[PDB]
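Read the single chain below, which is given as structure tokens and is the form solved without the named molecule.
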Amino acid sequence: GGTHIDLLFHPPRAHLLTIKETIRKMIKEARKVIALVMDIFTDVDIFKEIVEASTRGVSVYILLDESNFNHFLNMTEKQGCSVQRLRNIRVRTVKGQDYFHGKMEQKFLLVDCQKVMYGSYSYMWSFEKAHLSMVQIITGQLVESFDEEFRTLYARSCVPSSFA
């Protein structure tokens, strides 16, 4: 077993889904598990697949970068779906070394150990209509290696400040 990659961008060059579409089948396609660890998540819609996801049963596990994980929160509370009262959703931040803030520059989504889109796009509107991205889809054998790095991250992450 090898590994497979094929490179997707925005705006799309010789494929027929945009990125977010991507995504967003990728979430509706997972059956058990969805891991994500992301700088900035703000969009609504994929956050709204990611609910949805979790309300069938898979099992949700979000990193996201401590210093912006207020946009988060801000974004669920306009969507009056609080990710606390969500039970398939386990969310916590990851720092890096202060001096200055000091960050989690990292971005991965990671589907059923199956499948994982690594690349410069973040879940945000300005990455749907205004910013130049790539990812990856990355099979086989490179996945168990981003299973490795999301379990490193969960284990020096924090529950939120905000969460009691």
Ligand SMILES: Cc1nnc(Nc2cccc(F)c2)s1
Given for the second form:
2 protein chains.
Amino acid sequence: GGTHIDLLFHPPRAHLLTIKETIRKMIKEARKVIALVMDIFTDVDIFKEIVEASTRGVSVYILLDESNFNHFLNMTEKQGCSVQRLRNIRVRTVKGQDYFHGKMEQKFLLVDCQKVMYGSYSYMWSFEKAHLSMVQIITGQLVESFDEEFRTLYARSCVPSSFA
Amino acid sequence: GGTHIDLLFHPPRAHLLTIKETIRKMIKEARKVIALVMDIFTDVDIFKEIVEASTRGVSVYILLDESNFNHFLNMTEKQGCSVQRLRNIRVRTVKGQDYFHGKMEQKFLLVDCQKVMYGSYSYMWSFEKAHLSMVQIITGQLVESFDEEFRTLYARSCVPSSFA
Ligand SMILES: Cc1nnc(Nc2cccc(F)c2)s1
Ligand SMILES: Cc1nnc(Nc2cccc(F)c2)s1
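Alternate state requested, the form solved in complex with the named molecule (shown: the form solved without the named molecule):
Next comes the full complex, and the chain you just saw is listed first.
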């Protein structure tokens, strides 16, 4: 009942896949659940993979930082893919304490209660093309702590204003 | 030769110290080296702890995202604590590929090649007062990978424009 961690980098260092490819593979291989916490979500390829998972019957829960939520909504609209009407996906927002918006500065992807990607990669074109980042691929016991954190966040999340 | 990971949260969840307190304790207990990678560094209390470590003889290496470096410089000036003249501290900047600045979106604190804090907490007042975040405290074998990443980043870092 241990934990295993591999590191991945952007740009890649001593591994065959990029972080984006690894994200898409994790989502592609999802069998049951995807739980995503993300600060900014505008990457169309990743969104497509998630939409496709939900059509296979995977339950998708997404928590987005409230202050950047409009960027995700804009992307979903551009793609003609209204997220409210997709039945296997629920999207809710999370914020911090305001003073200037307090933000949810956490991100991670958890698939099938089995594997977590945790790190500094945000789901935006800029992270594929411009920024340096790193993530961990986590399996084993520590995944349970990410499950618990997701549940904690989900409990403090709100329905986005737009959804009625 | 395993790895141990504890999670900490802001706000705290089932641990006695905040992330900021844990940062200050790690720096206070540093005996040999501090290697810091940080996107934005404006927290004066953390800066003071680092300056104090360097006066005990701890070697301090700091890598900052180039595009936000001026915020650190402003803070060091406000504190009357010119970083160029402090002999045990070297500060260098890192950037990504531009298109809008490409950024170093990585952060971590490594102390004494023994302990790493890795997560989403940036050294700014907003992370103490406004934002939700989480970090890992990592000890054991995985610390060596953070040592290697620090060295990799340091190799691609530049002297800040201001320093002459
Ligand atoms: C990892 C996972 N975290 N919980 C899972 N599912 C779930 C069910 C109800 C509410 C909620 F927020 C999440 S699977
Ligand atoms: C963890 C640590 N990472 N390397 C350490 N020291 C060091 C020495 C020369 C250049 C440099 F970038 C770093 S200690």
